[PDB]
Amino acid sequence: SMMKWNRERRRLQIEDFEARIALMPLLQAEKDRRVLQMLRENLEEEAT
Amino acid sequence: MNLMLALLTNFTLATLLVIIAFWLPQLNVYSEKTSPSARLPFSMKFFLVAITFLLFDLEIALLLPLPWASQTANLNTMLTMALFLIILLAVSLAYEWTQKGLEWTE
Amino acid sequence: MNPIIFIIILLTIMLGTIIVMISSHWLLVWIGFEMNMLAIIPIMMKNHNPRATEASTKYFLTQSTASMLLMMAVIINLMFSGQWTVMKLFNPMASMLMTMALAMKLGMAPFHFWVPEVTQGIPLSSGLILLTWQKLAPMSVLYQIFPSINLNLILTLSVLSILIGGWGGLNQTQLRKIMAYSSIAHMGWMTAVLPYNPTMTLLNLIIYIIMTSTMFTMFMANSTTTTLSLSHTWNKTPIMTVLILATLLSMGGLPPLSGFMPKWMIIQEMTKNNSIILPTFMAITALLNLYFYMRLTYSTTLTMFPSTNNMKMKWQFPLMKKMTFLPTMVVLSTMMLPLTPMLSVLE
Amino acid sequence: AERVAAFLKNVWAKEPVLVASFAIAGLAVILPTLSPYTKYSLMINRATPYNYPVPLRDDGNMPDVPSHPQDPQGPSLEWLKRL
Amino acid sequence: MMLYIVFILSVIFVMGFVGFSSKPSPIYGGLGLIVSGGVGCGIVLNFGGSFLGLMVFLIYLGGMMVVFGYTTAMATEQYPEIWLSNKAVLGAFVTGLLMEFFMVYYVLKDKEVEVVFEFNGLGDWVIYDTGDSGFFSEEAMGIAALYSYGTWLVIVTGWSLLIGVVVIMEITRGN
Amino acid sequence: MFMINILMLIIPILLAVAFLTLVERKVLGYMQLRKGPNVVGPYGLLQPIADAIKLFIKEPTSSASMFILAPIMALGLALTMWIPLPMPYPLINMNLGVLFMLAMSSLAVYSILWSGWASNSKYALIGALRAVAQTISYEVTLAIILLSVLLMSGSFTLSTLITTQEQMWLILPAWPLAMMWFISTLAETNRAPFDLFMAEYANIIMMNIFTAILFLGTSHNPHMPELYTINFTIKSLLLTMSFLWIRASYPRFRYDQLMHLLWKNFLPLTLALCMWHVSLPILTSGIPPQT
Amino acid sequence: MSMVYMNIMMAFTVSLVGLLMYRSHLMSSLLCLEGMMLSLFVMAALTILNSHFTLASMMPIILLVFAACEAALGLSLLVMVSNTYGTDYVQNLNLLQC
Amino acid sequence: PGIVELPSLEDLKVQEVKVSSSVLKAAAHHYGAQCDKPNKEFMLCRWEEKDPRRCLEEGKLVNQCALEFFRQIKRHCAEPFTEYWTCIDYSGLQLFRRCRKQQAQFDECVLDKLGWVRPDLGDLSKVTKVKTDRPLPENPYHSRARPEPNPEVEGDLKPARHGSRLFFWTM
Ligand SMILES: CCCCCCCCCCCCCCCCCC(=O)OC[C@H](COP(=O)(O)OCCN)OC(=O)CCCCCCCCCCCCCCCCC
Ligand SMILES: CCCCCCCCCCCCCCCCCC(=O)OC[C@H](COP(=O)(O)OCCN)OC(=O)CCCCCCCCCCCCCCCCC
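Going line by line, the protein sequences match chains W, D, Z, A, U, H, C and P. Quick note: to get the UniProt record's numbering, add 48 to the position in the first sequence (first position is 1). Read in order, the letters of the second sequence are residues 1 to 36, 46 to 115 in the UniProt record's numbering. Position 194 (the third sequence) corresponds to 194 in the UniProt record's numbering; numbering is contiguous. Quick note: to get the UniProt record's numbering, add 1 to the position in the fourth sequence (first position is 1). Position 1 (the fifth sequence) corresponds to 1 in the UniProt record's numbering; numbering is contiguous. Read in order, the letters of the sixth sequence are residues 1 to 60, 65 to 200, 224 to 318 in the UniProt record's numbering. Position 31 (the seventh sequence) corresponds to 31 in the UniProt record's numbering; numbering is contiguous. Quick note: to get the UniProt record's numbering, add 1 to the position in the eighth sequence (first position is 1).
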């Protein structure tokens, strides 16, 4: 019984990981724009 | 923060319950009661038991990552090294056992 | 000890040293030292007496201090280079710490005070391992980190060791005390030449081990541990006094014996780099070692000290000690000078 | 033999705890080698995607690399569902 | 103030070290090492080392220091000494705390001090990483790699622990 | 809002421990053909209150500090053990909750050492050293057994033991481990037949709560969390009652015999079963997910 | 370097001086030898964890196992010293002066 | 050293996907099969270029394909999707296996009103290939020239001239 259930749990984890992989590009794109925007903001107050 | 708050409460409450338990009794003001080398000696058996615990405990720390170790693609190496660590954990005991390290007769 | 356990413990002493010699990772170097120290404490206690326990404790405290400084130097090196490779260190403070850790592990002056006491406190067989096999692992590390070692530090230690070892031996009547101070003085030669030519540090290590093993083997054959007990040897095994004379003259660096060869090659390597004062001072100071070796030959081979009546009863029995490789060791210790060019095999 | 069945029968009578321990440890060491399902353990560990699957630049001669996640090409987990 | 919890934790780390380094009776000596060990785990926790920090409690404190106190109770005086009641023990404690307090003053005032190495007092958070959203713990993956990558580490570490048992039985037998 | 949660955990624990003393005396009594407390309050329900008041107004060392630290450490660490317990939601959700409890449980041996040390009696000290040796010896099997169980679970998370046992209790695949675990907890809590007060009885409940989670997992329905708590409470209560049941029915071990019970029976068997449970998921292809 | 390093390096130095400056109990010096290890564990773990050097994550564990194995050997020697003299005083270990 | 180049705030602007994490999780499987092309081009850019600045345009098309994806759902399948991600959002772990009924209703909705097929197990984890026109980054690490190697000692090994030539030795 433990073997059957653990196999079923590995399949659910693969699905859980695959939902993340589908979303990683969109999160990666927004992370890039937040890092650069924060760096650009810091550069302005640095100039002043 | 939650963990630090919980630990602080647990050990603050223990501290309060300990000091007042040391002071609430002095409310009674009970009458004063007139009650006027470096080895215990210690037996070497009670030392060996502690040291054997320490050395086995160290070999347990080596095994603790076992649940994570089973997730690797190199399962043949992982399994061989896991059974190696446990077996030498047994070999140590068998040496203790056969050399009377686990006895209590003096 | 049970003989099987004794063998396994000796192979762990060897395994720890080999781990240090074959490792390209600093953690495995540390582990080899830790394993090596762990297995050598047993053989030091194996006769069970207050003196053997004092020696083992003084050894443990000294070696444990050295390993924590070695680990501290390894971690500083990691912080400043982000890598673990056994090679030159990337921080001068890491180099000072490692050099002092290895100096402590070798017993070099001024980290020398444990060597005479620990050696006197254990058996001759255990002392042989302490003064011979134990030098390999620290030496093989100094061999690889030398391009970053501070020259004033390594040369300061070496000169101090040649002085402390030479002077300390003059006042000794215990053979294990004499050998310990001889070991200190000889370490000073191996590290003096290390910044200039590490090959001549290996040459002096090999030859010093061969002659030191020959001495201990000969002391073990007759179970002699004091000057006066050794002075009876002429009246039991006259052959042994001749070999003792020859080996002691060799350790003194007198030509044409093999012990002259390392001192010869180091002076050559130091002058090539325009070090004239230091080798002159070093070579003269080594005359102290020859003096208290010469004293030993006077009471053993060149005169006949008074004997005892009960020595007559020993004449009827043969030597049964194994004396392994003694015939080969004594011939490498005395007759190897003509083959000096063969030192290139160590290149 | 029979000199051995008498040995085993003696330990089973005097030290049942150790006979069990040495039986379980032998099974632990031996069974993984003889099991037909030990291969599926490697595959399932190899099939779990922890990292992002970085695409390959399509030079023009990668016939077996799919162009879309739902394309027929590439490895499949069909065995995993039935298993 | 919580932004310098790692620096505040490391100050108590040093005070606990001054505690047992000044060497009171070996019973308060072991109490100072327990407090530092626990505070030392706290620092490792705040850097992402959950498993390493918990290995300190489980192994170092609940294993090694337990055996220290056990051994101390069996062969050491049995009677402690009032902490700081001895002149040398008190003189070293104040000396340590004075240097601990002086280092803390110049680093926080000047946001920098220079002792052998250069130290910058802007805070510890300033060096933290700004990129991770993996669905695993990197510490755990590094430690779990011991059984796959570290075949050689396990062998020598296993041998040393077996030999430790053999060695310690010989040392204490007495014949 | 978090402060209420920590209070809503501590106070019930102290009340539960207070009335565990009552249950102990009545359960032992009836197994001995008597009644136990039934005079102080109806069915004895006020007996714990009477004992508490009397204890704190009764009239009350080598090291003053250690005589104060010993009660705090035991009492503080006994309460700390409850913060990660999924009932079904933990107060503090830890990814290494199981590892946290082994760590805190290990520190419990200090109060024994300190209390014995602060006593000032050579005789008292050796009695503490015997108790410390019993505890650490039996901590070995708790750690190894727990590791063998976590190989079927997949992590150190305590709420993952709930998910591990969604279809079936771990007692069925691991009854040989559950047996040695249950005895090890009695030895760890120095309970009969291994007895060779608030913090002590808090551990007893907590260890049996941890036993129910480890081996008798209750199904959790996120829409009705209260059902899990009721079923969870019943399982832990009966496990706690079995401690009382065991105490009434057995004589005591000798000290050398309980050391022999572990070093020569549990540890050899606990090691083998650890080997077995590392191999079994690999050879059956039932390795649990890492997350 | 960062600020926390100042104190972890301060703690190693403190326990180093405490180790080299003995008093009487040999136990008090073994604790200084374990304070040094504790500081080196924390120093290493901060370096390895901050730099994200994944495979080095097991270095602190190995360092903790070996040093504890060392302390087990050190305590054994202390206990054997205690047998011969009834105390762990370091001034009773002076036979080898001659 | 030079001045770290930074694109101005005007270039970093784009219409965000302002839906919570459980909304993304519920659409993630369909999202990864519908927006795969622009998604994979952006990720190939990031790994190839190793620079968030060199892939700011590709990252804007990721938002554009994502916003369009969520409008397809809002136009045809709003209620089945709202009912579904509201079930996911309840769980602390946001577990898929707790909402298989609501997931089903969402799947027939899109498979009838849009023609979408949920990718099978293992599909989104394939390594695929992307046709791109962006030129391959030739020196992504901005390496300097590598130092020249030392000359290769070559030739025949003749015996040493007159032997070792050590002091007086003639061999
Ligand atoms: C090889 C190239 C380099 C050349 C350098 C020279 C190398 C030579 C040294 C290498 C090692 C060889 C050692 C030689 C051993 C000689 C032993 C010997 O000849 O007999 C010693 C003698 C025998 O005694 P006994 O046991 O009674 O036997 C009687 C027989 N029935 O015992 C006695 O009777 C007692 C003797 C009294 C003590 C005399 C002391 C003087 C000994 C001089 C020889 C040693 C010289 C060594 C230095 C080298 C010299 C150049
Ligand atoms: C077999 C594999 C295939 C499986 C298929 C099924 C077949 C099963 C066959 C198993 C046969 C195993 C037989 C082993 C019997 C044990 C040896 C023995 O007889 O020991 C007896 C002895 C008793 O000790 P004691 O009671 O103190 O003294 C006598 C007082 N009347 O005790 C001693 O002598 C001391 C011995 C102690 C060490 C034994 C326990 C090992 C350490 C614990 C680890 C257990 C796991 C095994 C690890 C080994 C590697 C796998």
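A hint or two may mislead.
[Unchecked claim] Straight-line alpha carbon distances no greater than 30 Å define the calculated DSSO-like cross-link-like pairs of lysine-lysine that follow:
(1) P:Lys75 x P:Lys19
(2) P:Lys19 x A:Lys82
(3) W:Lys79 x P:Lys51
(4) P:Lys51 x A:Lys82
(5) D:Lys33 x H:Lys35
(6) H:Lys58 x H:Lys35
(7) U:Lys87 x H:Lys58
(8) W:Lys52 x P:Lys102
[Claimed, not checked] Using C-beta positions, here's what the derived DEER-type ranges look like:
(9) Z:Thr85 x H:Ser246: 51 to 57 Å
(10) H:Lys35 x D:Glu115: 55 to 61 Å
(11) W:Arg82 x Z:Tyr143: 49 to 55 Å
(12) A:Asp65 x P:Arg145: 23 to 29 Å
(13) U:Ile127 x P:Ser92: 35 to 41 Å
(14) H:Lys35 x P:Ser22: 33 to 39 Å
(15) U:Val115 x Z:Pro3: 50 to 56 Å
(16) Z:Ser223 x D:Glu112: 35 to 41 Å
(17) P:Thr83 x W:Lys52: 17 to 23 Å
(18) H:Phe2 x D:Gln108: 52 to 58 Å
(19) P:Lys132 x H:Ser246: 31 to 37 Å
(20) Z:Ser81 x C:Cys98: 43 to 49 Å
Simulated from the structure, these hints should not be mistaken for lab results. Where a beta carbon is used, it is the ideal one built from N, C-alpha and C, also for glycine.
These are the hints, each one checked on the structure:
{"no.": "1", "hint": "P:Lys75 x P:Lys19", "in the structure": "holds, 14 Å"}
{"no.": "2", "hint": "P:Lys19 x A:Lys82", "in the structure": "violated, 35 Å"}
{"no.": "3", "hint": "W:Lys79 x P:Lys51", "in the structure": "holds, 14 Å"}
{"no.": "4", "hint": "P:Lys51 x A:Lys82", "in the structure": "violated, 37 Å"}
{"no.": "5", "hint": "D:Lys33 x H:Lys35", "in the structure": "violated, 38 Å"}
{"no.": "6", "hint": "H:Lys58 x H:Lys35", "in the structure": "holds, 27 Å"}
{"no.": "7", "hint": "U:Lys87 x H:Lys58", "in the structure": "violated, 40 Å"}
{"no.": "8", "hint": "W:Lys52 x P:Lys102", "in the structure": "holds, 22 Å"}
{"no.": "9", "hint": "Z:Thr85 x H:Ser246: 51 to 57 Å", "in the structure": "holds, 54 Å"}
{"no.": "10", "hint": "H:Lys35 x D:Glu115: 55 to 61 Å", "in the structure": "violated, 47 Å"}
{"no.": "11", "hint": "W:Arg82 x Z:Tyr143: 49 to 55 Å", "in the structure": "holds, 52 Å"}
{"no.": "12", "hint": "A:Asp65 x P:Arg145: 23 to 29 Å", "in the structure": "violated, 38 Å"}
{"no.": "13", "hint": "U:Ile127 x P:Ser92: 35 to 41 Å", "in the structure": "holds, 36 Å"}
{"no.": "14", "hint": "H:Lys35 x P:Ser22: 33 to 39 Å", "in the structure": "violated, 59 Å"}
{"no.": "15", "hint": "U:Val115 x Z:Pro3: 50 to 56 Å", "in the structure": "holds, 54 Å"}
{"no.": "16", "hint": "Z:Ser223 x D:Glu112: 35 to 41 Å", "in the structure": "holds, 36 Å"}
{"no.": "17", "hint": "P:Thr83 x W:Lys52: 17 to 23 Å", "in the structure": "violated, 35 Å"}
{"no.": "18", "hint": "H:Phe2 x D:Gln108: 52 to 58 Å", "in the structure": "holds, 55 Å"}
{"no.": "19", "hint": "P:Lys132 x H:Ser246: 31 to 37 Å", "in the structure": "violated, 51 Å"}
{"no.": "20", "hint": "Z:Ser81 x C:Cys98: 43 to 49 Å", "in the structure": "holds, 48 Å"}
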